[PDB]
Amino acid sequence: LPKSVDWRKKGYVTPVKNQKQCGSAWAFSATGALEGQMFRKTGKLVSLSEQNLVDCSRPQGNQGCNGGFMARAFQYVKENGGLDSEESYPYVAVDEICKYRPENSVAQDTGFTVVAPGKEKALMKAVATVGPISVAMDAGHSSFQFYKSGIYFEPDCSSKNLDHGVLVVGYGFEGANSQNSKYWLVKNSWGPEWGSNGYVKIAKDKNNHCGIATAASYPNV
Amino acid sequence: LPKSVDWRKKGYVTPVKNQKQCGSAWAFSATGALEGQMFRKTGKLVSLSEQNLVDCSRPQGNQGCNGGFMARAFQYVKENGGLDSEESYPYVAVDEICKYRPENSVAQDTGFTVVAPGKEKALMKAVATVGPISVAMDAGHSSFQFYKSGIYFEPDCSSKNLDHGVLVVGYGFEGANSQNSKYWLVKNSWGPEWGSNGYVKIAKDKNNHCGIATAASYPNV
Amino acid sequence: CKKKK
Amino acid sequence: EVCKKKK
Ligand SMILES: [Cl-]
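These protein sequence lines map, in sequence, to chains BA, AA, PB and PA.
Residues in the first sequence are numbered from 222 upward in steps of one, following the entry's author numbering.
Residues in the second sequence are numbered from 1 upward in steps of one, following the entry's author numbering.
Residues in the third sequence are numbered from 451 upward in steps of one, following the entry's author numbering.
Residues in the fourth sequence are numbered from 443 upward in steps of one, following the entry's author numbering.
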């Protein structure tokens with residue numbers, strides 16, 4: 222596998238978005254992964270509607286701003302037959318009535334694939350061959366809110382208690398040697414000011430730090 | 001006009017590039033604008049050759065790595081009949097022999113349109129109705145070199161003596177009021193590591209800050 | 451598991 | 443004013 226991967230360099234990733242005061246990270250993580258897969262299928266990068274997911278996917282088990290799951294989001298897109306563009310269905314960071322219109326849909330999926338749980342090498346292989354991957358992580362620590370740069374390593378991080386959904390867009394390493402100071406390249410949904418540019422380098426191959434490889438998946442397009 | 005526009009979310013914009021030690025920003029700004037207009041015309045996003053412009057547009061008045069102007073580049077593309085892809089005419093950041101190949105051309109323009117100088121409302125109308133717009137700006141400040149987050153505002157910025165070419169890919173605002181804390185979304189050519197993933201928010205409706213609306217133009221395709 | 455807010 | 447090239 223490549224020593225480094227960065228799907229942003231290849232056109233797979235939309236700009237950093239901001240969920241604001243709505244517990245909708247699961248929706249941003251799912252649209253990030255579907256955006257990468259729809260791009261690989263069509264050559265066209267089109268931002269998808271988190272608000273469509275927040276307002277419409279309660280039947281699949283999501284709870285809007287009260288939380289949800291990326292896999293249930295991909296299940297909604299499958300059952301619904303489509304998912305609207307963000308341009309047509311803007312984000313307002315509150316729970317609202319579903320306004321989905323098929324004429325505005327720009328994405329579809331047939332289900333989703335789960336990465337072998339707990340296995341960072343399985344996630345490295347999925348990232349290298351598929352594109353961006355949705356993942357769950359433990360973001361429940363003040364060090365995460367205040368993160369600015371460098372490889373994030375939180376001693377109290379859990380790989381099982383996962384309260385946040387984010388997007389792995391790549392992996393890399395700091396310094397001349399490919400095997401040390403390794404990290405996952407993670408797109409967050411807290412705006413471009415958080416993390417200096419909205420991304421965080423999470424320690425890689427350090428025992429599934431913060432659970433990045435515990436519950437990783439991507440839509441089937 | 002729309003309260004906000006972000007052409008990156010519609011597939012019009014290539015990933016951030018890096019001009020390195022060569023004064024070729026005018027070339028990156030021009031290929032960025034032509035990339036957006038070719039996408040609007042064909043639905044296909046194809047990275048364009050800045051090296052083609054650096055090496056071949058001296059007759060039109062450009063000076064390669066010593067500087068140039070986006071309108072002279074769009075004039076070159078018109079007189080030349082074409083512009084090669086980035087893949088077929090790679091970037092090497094030094095002045096080289098013109099190797100333009102018509103068989104590798106993936107873009108054309110019939111000339112260019114100029115935005116009324118100095119008018120940010122005219123630039124806003126161009127950005128909203130056309131796509132990404134090439135603009136000149138005053139980037140001669142350490143505050144720009146070390147920019148990372150927020151709306152950029154530099155007291156020493158000039159609106160008339162401009163040393164850099166960049167691409168306005170949209171505009172937006174912070175907060176809930178669309179009529180204040182406004183910004184221009186600007187793509188730079190200093191690599192993704194610079195700024196916010198290669199981008200900067202420049203203060204909008206603050207008296208043509210840093211000259212963004214002084215010398216704006218777009219190719220006609 | 452728990453919801454991913 | 444000055445005629446700066448856009449480097
Ligand atoms: Cl110009």
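The hints are simulated quantities; they were obtained by calculation from the structure and are not laboratory data.
Treat the hints with caution; some may be incorrect.
[To be verified] Think about it this way: if two alpha-carbon atoms lie no more than 25 angstroms apart in a straight line, the pair counts; the simulated PhoX-like pairs of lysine-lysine are:
1) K446(PA) to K3(AA)
2) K206(AA) to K265(BA)
3) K262(BA) to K230(BA)
4) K231(BA) to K20(AA)
5) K3(AA) to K230(BA)
6) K230(BA) to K78(AA)
7) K455(PB) to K381(BA)
8) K449(PA) to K78(AA)
9) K206(AA) to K446(PA)
10) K452(PB) to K381(BA)
11) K340(BA) to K453(PB)
12) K241(BA) to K453(PB)
13) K342(BA) to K299(BA)
14) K20(AA) to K99(AA)
Tested hints:
At roughly 33 angstroms between alpha-carbon atoms, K446(PA) and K3(AA) are farther apart than 25 angstroms, so this suggested pair is violated. For the hint pairing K206(AA) with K265(BA), the CA-to-CA distance comes to about 34 angstroms; that exceeds 25 angstroms, so the pair is violated. Restraint check for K262(BA) and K230(BA): satisfied, since their Cα atoms lie roughly 17 angstroms apart, inside the 25 angstroms limit. Annotation: proposed proximity of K231(BA) to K20(AA) holds, straight-line Cα distance about 19 angstroms (limit 25 angstroms).
Under the criterion of a C-alpha separation no larger than 25 angstroms, the hint pairing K3(AA) with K230(BA) is inconsistent with the structure, at around 29 angstroms. Taking the CA atoms of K230(BA) and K78(AA), the gap is about 29 angstroms. The hint is violated against a cut of 25 angstroms. Proposed proximity of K455(PB) and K381(BA) is supported: the alpha carbons are some 15 angstroms apart, at most 25 angstroms. Of the supplied pair hints, the one linking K449(PA) and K78(AA) holds, its CA atoms being roughly 22 angstroms apart against a limit of 25 angstroms.
A C-alpha spacing of about 23 angstroms is found between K206(AA) and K446(PA), which places the hinted pair at or below 25 angstroms, so the restraint holds. With a C-alpha separation of about 10 angstroms, the suggested pairing of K452(PB) with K381(BA) holds against the 25 angstroms cut-off. About 21 angstroms separates the Cα atoms of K340(BA) and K453(PB), which keeps this hinted pair within 25 angstroms; it holds. Distance check on the hinted pair: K241(BA) and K453(PB) sit about 17 angstroms apart at the alpha-carbon level, within 25 angstroms; holds.
Restraint check: the Cα-Cα separation between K342(BA) and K299(BA) comes to about 28 angstroms, which exceeds 25 angstroms; the hinted pair is violated. A C-alpha spacing of about 21 angstroms is found between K20(AA) and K99(AA), which places the hinted pair at or below 25 angstroms, so the restraint holds.
Figure legend: structure checked against the earlier numbered hints; hints not met, in rising order: 1, 2, 5, 6, 13.
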